[PDB]
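A lone chain, given as structure tokens: the form deposited in one PDB entry.
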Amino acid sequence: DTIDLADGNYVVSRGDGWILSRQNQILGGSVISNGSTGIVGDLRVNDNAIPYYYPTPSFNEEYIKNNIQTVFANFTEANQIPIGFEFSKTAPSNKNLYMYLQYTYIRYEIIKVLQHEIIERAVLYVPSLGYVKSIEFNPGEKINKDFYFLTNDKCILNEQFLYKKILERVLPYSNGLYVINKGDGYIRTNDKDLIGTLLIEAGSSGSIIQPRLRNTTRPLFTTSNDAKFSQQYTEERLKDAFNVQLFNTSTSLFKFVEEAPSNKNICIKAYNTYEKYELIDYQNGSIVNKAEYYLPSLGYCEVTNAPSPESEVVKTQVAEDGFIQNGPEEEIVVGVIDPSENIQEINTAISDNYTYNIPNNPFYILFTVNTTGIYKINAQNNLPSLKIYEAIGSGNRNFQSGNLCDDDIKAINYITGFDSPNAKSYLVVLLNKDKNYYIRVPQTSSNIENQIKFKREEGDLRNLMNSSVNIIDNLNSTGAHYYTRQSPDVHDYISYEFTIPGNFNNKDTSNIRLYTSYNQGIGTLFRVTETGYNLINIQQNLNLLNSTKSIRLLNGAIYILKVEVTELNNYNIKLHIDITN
């Protein structure tokens, strides 16, 4: 026939809901009477789900299968999983109803177009779901032959003609591993995840069913790097983040049931779905490795008013390969222990003071504290810089007074600390007694003993709460200095402890310009009196971006500036300490 398409070969979906010549009653039917309900159903499986190919000299079976499976639903992978369906009809209160069952199919075609004419067409019918036809009858009644017997193939829904030409944001995340739940109800384009379509006539019911007769599910997986982020590695990380236990099996049942009102015909399309997880290796403000894992989920059901079988068919082009999300928007970001980095434990709940010895690759220390309190945590001479995380949902399970219970959690929430191994720093942090925490100690280039010290702070240092504290040690006589670190998020703090150059006579003073380069924030500056440490507040509410303001500070005296980020413009925060006469 005639067609407005450039010359070439096209794969075509003509839609679901096709029934086949002559094959109407081959499954039998039911006779119900007098207000009773009949429910007839079936299960599309291996042996009753036979595709029927109608090839042509240019388009053989193989060519057809390949071109259809490339663009449309892969019916070979789909056909080992039993999918059920059922229809319900109620008989009138003084009449008999005859209902019979027929398999439906999707019609695919391969067409050759020369000069706006289709000069060859191959057809493939792919098993889909089913259709019930019923009629009310009395003894005697002559019923039209066509109720029982179809002379020519046809669609019980509206036909389609969907074709394809055949050819030939600052993320201030700490460095580490993240698993992100990006939400549910993902399907692929072009009906690749279509289970099937039922036509549910007025005052009847219809169901599409996943009964888990087999448990097999089919996850979808891609990776920027199969050496680091293999499928198995990605599954282990999903396990660490969300305790996903089953990847390619499920016992979880789903089905969709639709009762069509009086005087309305309904179309129910049912789809397989996935829940989309991202596994990212995040370093220095960028994605270094990324894997996508589409976990098999529990379906999507589209209900439309059933259009005419007869309305005109609009030739439409297929979408690009890809995914459509039909579930709600969602982004859950969960850090995970890097399994290449070993976990050491402190079994004693920390009291007031504790010292952990370190005989080397990065590793974690798991620990808890006896009483909620602010803690200073540092290595010896403040090297290396540490990070600390919360084990997520820890501390709600097993407990023992004065000791650690490892409740086995590798989902971690970053609190504070830099990925600057060789920067001097100490952490100051509020630690809740009913949680477990991880210290991360980075890669050291050393032979020496090192120690992590934990000290409950009950003094002024408390006012540096939830802060890493950088120790500046290279303040020259005058001139400009900058210190670049990973920026904390908005409302999160970073702190700098520095000695003004020169000898202390309590009289000699230098001018100090404290400003940031990219990010806005609030500074609180404090004189250190060295009791622990006493902090005298000497400048509040400083506003740091590009600030020109100047303050005079005592030579050889020690100060700490606390910075609350307020504007996150850049992954990095760069503090300047410029000193003059």
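Between two forms, the rigid core is defined as the largest C-alpha subset superposing within 1.5 Å. Residue numbers count along the first chain shown, from 1. First, how it differs from the form deposited in another entry.
- The only C-alpha among 407, 321, 77, 473 that moves by 2 Å or more between these two forms, given a superposition on the rigid core, is that of 473.
- In the core-superposed comparison between these two forms, the C-alpha atom of residue 32 has shifted by less than 2 angstroms.
- After superposing the rigid core, the Cα of residue 506 is displaced by 2 Å or more between these two forms.
- With the core superposed, residue 515 shows a C-alpha displacement of at least 2 Å between these two forms.
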Given for the second form:
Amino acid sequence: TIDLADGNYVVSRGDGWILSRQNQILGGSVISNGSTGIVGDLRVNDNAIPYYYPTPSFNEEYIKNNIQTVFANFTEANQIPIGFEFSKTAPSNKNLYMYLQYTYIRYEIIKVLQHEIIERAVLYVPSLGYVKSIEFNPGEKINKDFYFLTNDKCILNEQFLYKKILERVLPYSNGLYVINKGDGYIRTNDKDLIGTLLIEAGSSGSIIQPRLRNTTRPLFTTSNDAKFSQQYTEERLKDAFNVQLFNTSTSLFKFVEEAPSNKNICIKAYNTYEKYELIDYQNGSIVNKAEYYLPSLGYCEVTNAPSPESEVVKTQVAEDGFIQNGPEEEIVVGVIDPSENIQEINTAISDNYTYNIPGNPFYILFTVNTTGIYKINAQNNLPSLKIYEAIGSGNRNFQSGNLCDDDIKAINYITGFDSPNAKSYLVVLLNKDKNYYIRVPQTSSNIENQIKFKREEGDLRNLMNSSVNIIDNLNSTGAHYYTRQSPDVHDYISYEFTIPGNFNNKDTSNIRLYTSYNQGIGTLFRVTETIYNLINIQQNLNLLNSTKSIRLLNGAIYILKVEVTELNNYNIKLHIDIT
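Beyond the form deposited in one PDB entry, can we have the form deposited in another entry?
The following holds one chain only.
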């Protein structure tokens, strides 16, 4: 013809192509007096035979492979059976004839030389269907053209989609996360298009997934099939949200549109996915990542019916990829590492409990007897611990003063650090009817350690939901900094430090307290210990590159609690500069 650019091209001429001569080869219904006729079909293996019209340059295999590279793979989609139907209601005291015809997507392979198409192979792939209806009287003459098409024709507007044939800081604790990135995900270039129905004005039209076969094709990518295999990811999905069926479904979706009396209507259906990510996060880095696109329940676009004789505007294909047509969603859900054993405290912790550690990382499942602030630590505050909440423990099986296991592997990090040589203790509000997981990290000592739990009825409640770092051995002048994993916005980190010198209760020293990268509100306490009381000294201290200085009593213990208000870096570096 006359086109543009030299070489071979794969082209999608669009959906809605009906073929010549074979209009009534499926039959039609006659409906009389106000009755509604519903005609439809079910495309499967057998009825989804495509029609190849090759050329010497472009054989069937070449046509197939190149079309399925860029566009919907119709050899796998002829597996999952899809239905459609049309519904016309005859008027009173007059008859109506409607007949059904398959629609096709018309793909082409073209050779272009000097702005001319020299060769064209065509492939018609079965899509859905089109019903045409007429009202008729006994021996009313009907136009031959109503029954019979002499040339291939698109009932929709045609398309010319071609391609030349070349031939963020995550403040997460270390561990596994399963993230729901949302629903309504389709691939580009209609690789997940179900089909299109032209719905004549006054008629009605549906596109159906009846699950006559109970099989779905999830989409799985992984960075390491050894660590994150599909089976493993499915388990994490089970752990995270309790997904059961992955390659199966009993769940039906249908889309239905009734065209008004005055105007025709068009409806396009897609298979969709719900996008999950499984990540392995370590020290600010995604060490492994899989993507699981779980077969969902579809997307449906309803447009007014476009002139079948419109201007065909040629467009180049998009890059392989996804588009979310559903709303935005991020659900981050930690999951118990299955490489890490779970030990159990069968007693609800009341005022005091001491768990003896045999001496490889592990979780400890436990609950409290009474909602309250608990201090938790190992001996000498080494190693550093982490505490997670099992998600949705509350309001199931209960027994006063005893643990009931809900068997929840979905964990919600509260506070704690992954630094086995840094001294810390935890101060957490624990809820009586929840379960919690303590995570004990890997240690290279074989010395019998012990985790200690203590109910705090005092001022240590001000450190609520915080790990407290123990800062040893400040010198009497100069700089000091302390890099740790930053909490998220509005989460907490605390630091317990003793001012240089001997305690006189009069001699002070000039301390400057600030962060380096992240913004934080700092509240400062002075510890006075008889049997911990915290005196609040300043709690309006914004820390990011602060220069403010406050004189603190020498040889006296203080605790700084910091609220992250701007997460600019994975780490939070804390400066304590002394004068």
